[PDB]
Amino acid sequence: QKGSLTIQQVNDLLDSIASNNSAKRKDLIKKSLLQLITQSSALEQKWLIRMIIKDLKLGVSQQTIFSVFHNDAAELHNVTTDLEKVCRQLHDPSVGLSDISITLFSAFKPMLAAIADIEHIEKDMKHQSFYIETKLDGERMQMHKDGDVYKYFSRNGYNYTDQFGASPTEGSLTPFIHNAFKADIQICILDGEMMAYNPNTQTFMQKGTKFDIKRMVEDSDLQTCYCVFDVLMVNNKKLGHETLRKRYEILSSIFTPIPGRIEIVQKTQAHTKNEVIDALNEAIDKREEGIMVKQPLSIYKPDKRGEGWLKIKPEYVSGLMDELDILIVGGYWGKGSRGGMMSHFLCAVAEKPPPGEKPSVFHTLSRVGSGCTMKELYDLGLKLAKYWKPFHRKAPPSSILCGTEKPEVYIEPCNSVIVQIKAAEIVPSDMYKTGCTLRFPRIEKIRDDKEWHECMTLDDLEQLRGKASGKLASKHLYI
Amino acid sequence: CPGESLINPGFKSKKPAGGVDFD
Amino acid sequence: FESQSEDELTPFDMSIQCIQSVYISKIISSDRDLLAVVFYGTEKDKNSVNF
Amino acid sequence: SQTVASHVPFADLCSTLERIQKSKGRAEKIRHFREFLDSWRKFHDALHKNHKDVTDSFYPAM
Amino acid sequence: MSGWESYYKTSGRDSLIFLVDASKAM
Ligand SMILES: *OP(=O)(O)OC[C@H]1O[C@@H](n2cnc3c(N)ncnc32)[C@H](O)[C@@H]1O
Ligand SMILES: [Mg+2]
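As you go down the protein sequences, you meet chains P, Y, F, R and D in turn. In case it helps, the deposited numbering puts the first sequence at residues 139 to 617. In case it helps, the deposited numbering puts the second sequence at residues 180 to 202. In case it helps, the deposited numbering puts the third sequence at residues 49 to 99. In case it helps, the deposited numbering puts the fourth sequence at residues 7 to 68. In case it helps, the deposited numbering puts the fifth sequence at residues 1 to 10, 33 to 48.
You may find that some hints are simply not true.
What the hints assert, rightly or not - The calculated BS3-like cross-link candidates involving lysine-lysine, where the alpha carbons are at most 25 Å apart (straight line), are:
id: 1; chain 1: Y; residue 1: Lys-191; chain 2: F; residue 2: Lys-92
id: 2; chain 1: P; residue 1: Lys-184; chain 2: D; residue 2: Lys-9
id: 3; chain 1: P; residue 1: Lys-449; chain 2: P; residue 2: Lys-560
Said to hold, decoys possible - FRET-style restraints, in silico, Cβ to Cβ:
id: 4; chain 1: P; residue 1: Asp-275; chain 2: D; residue 2: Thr-10; range: 26 to 34 Å
id: 5; chain 1: R; residue 1: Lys-48; chain 2: P; residue 2: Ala-523; range: 52 to 60 Å
id: 6; chain 1: P; residue 1: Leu-152; chain 2: Y; residue 2: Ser-192; range: 47 to 55 Å
id: 7; chain 1: P; residue 1: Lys-164; chain 2: D; residue 2: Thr-10; range: 35 to 43 Å
id: 8; chain 1: D; residue 1: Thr-10; chain 2: F; residue 2: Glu-91; range: 47 to 55 Å
id: 9; chain 1: F; residue 1: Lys-94; chain 2: P; residue 2: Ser-157; range: 26 to 34 Å
id: 10; chain 1: F; residue 1: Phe-87; chain 2: P; residue 2: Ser-160; range: 37 to 45 Å
id: 11; chain 1: P; residue 1: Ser-160; chain 2: R; residue 2: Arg-25; range: 50 to 58 Å
id: 12; chain 1: F; residue 1: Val-97; chain 2: P; residue 2: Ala-161; range: 21 to 29 Å
id: 13; chain 1: D; residue 1: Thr-10; chain 2: P; residue 2: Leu-435; range: 49 to 57 Å
Rather than coming from a laboratory, the hints here were simulated on the basis of the structure. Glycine included, every Cβ here is placed at the ideal spot set by N, Cα and C.
Whenever a hint applies, use it, and build me the whole structure from the sequences.
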């Protein structure tokens, strides 16, 4: 009923757990956890479990905590992304920080983009010229350079310098991009995308979900490329308060691009809606994610969305996508907010039956667990509550055929419902019987008018997959 | 179960040797 | 550690005698078996869990 | 190298978090967090009265 | 030092639902 641990002791034990996980020693993890268990109460252990899983569910926003701590703490964290500096510098509430700005070797929360409705695009650009560019499918990285020292940070602030190299002697990008920079540039901060490049075809491989640009394989032929679209510091000159025009101009005086390893994204001037629509249609033709629209006179604002940057994707425009009518063949239980109900489901397509017969066998396609309100999920659970059956791996049912992914409970197709799914594209996979799975799947409507025997068929899925190279956005926006 | 050994489980407790006990 | 009668064995002595007897019987009979000895109620401590 | 975290039981932080979670409005949650923070800061001021350079902070709790 | 023990010290509208009984006795 009483513990004997201080905060420092708990931090030390957690540090031991993390370090020993890094060193591949599980005995020490067991010892540390045993000490925590033996020297703590039930409430303390509940909170320790929450801290280890990294979810506390306090109900109070991180912004509220920072505001209580100090008047200017969220601003400092948006620039440093390090709690230690926030807590040390802002110790006395009265004493503030004179000026806070991006600093070398300190991760800053990247500027994001907001969805755009094509009709009012001009109104979003203040009736002026704007930049249109292509959206790249890869990771987001920011690079800090001081002389021969390099550092890399991800979107949320995680260090990636081990992968890309902290010095020209080692890495996957630095030994090749070190000599790209010009003579007069020694200090630099850049923001861009990390991509995979195939030299044989000289083409960017879109990282839908595969070939691990996140961790390049030595034997693979494709290499790592860095497409830069912003500069925030050059030679003790801070560019974050300057306009996008000046930063784009300065970006051409830092490095001379070498194709395949480092590049500058092209921005095209445009001042009409028709230009935006044409760019979107061209992107759909080239099988690309979408386009970005930027305001030339917009300053950089960390962690802020919908200030000067906008994005357009085929999904955001109504009607431009193909939707799939598929059956629900299994279900899964849910987490905290939705605990005692089936939250995510496993869906399957049908097998073309012999002429004049109803489908008998089904092939799993993908799990979908987003796009339904709580009331809709409750109603769906009530409808299918009677027909759920427990799933046994040793005696799988004949009607449903599954790969490596199996449901917790399965329902016979004769008593299930048809669901409409909107997905970005169809990609190969080995966890499902169809050999393919959807990308970004969501439920658009639980069709109460479609019978179970009106489900899609493997033939239709293959036709859709081959029609447009897997991308579900094929036709062009018209106006 | 009954009359089992408390030293070597799975073996029956042997009665001590009694030698010759004339009737 | 208290003896009710002058000519009698304390509980501790009886326990130790029994432990030694079982040890000798095991050595003679089954030498591959595992035995351990633990004490509780003491002032010192020696265990993996640091109880 | 004294530290306030070496003097603060983890039970205090856990109880503060429990009170924050089992509260209705934002005012009460902020109030409990502020009470903890003010106690920590006052103890910090008391502890490091003579020392000149201090790296101690609220980081262990944050 | 005094220790950590000293420092811590530990409108709207009305809704009504009639509920009549449709039994043979009523
Ligand atoms: O959908 P989303 O919020 O992830 O979109 C924003 C992300 O898109 C990536 N990206 C690709 N190309 C660009 C350009 N030119 N400018 C800004 N962002 C870009 C980034 O990863 C971004 O976080
Ligand atoms: Mg992306």
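Results of checking the hints against the structure:
{"no.": "1", "hint": "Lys-191(Y) - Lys-92(F)", "result": "violated (40 Å)"}
{"no.": "2", "hint": "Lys-184(P) - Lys-9(D)", "result": "holds (24 Å)"}
{"no.": "3", "hint": "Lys-449(P) - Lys-560(P)", "result": "holds (19 Å)"}
{"no.": "4", "hint": "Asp-275(P) - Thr-10(D): 26 to 34 Å", "result": "violated (54 Å)"}
{"no.": "5", "hint": "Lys-48(R) - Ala-523(P): 52 to 60 Å", "result": "holds (57 Å)"}
{"no.": "6", "hint": "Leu-152(P) - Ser-192(Y): 47 to 55 Å", "result": "holds (54 Å)"}
{"no.": "7", "hint": "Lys-164(P) - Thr-10(D): 35 to 43 Å", "result": "holds (39 Å)"}
{"no.": "8", "hint": "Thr-10(D) - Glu-91(F): 47 to 55 Å", "result": "violated (34 Å)"}
{"no.": "9", "hint": "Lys-94(F) - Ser-157(P): 26 to 34 Å", "result": "holds (27 Å)"}
{"no.": "10", "hint": "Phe-87(F) - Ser-160(P): 37 to 45 Å", "result": "holds (39 Å)"}
{"no.": "11", "hint": "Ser-160(P) - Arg-25(R): 50 to 58 Å", "result": "violated (35 Å)"}
{"no.": "12", "hint": "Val-97(F) - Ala-161(P): 21 to 29 Å", "result": "holds (23 Å)"}
{"no.": "13", "hint": "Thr-10(D) - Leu-435(P): 49 to 57 Å", "result": "holds (55 Å)"}
Checked against the numbered hints above, the structure breaks hints 1, 4, 8 and 11 and satisfies the rest.
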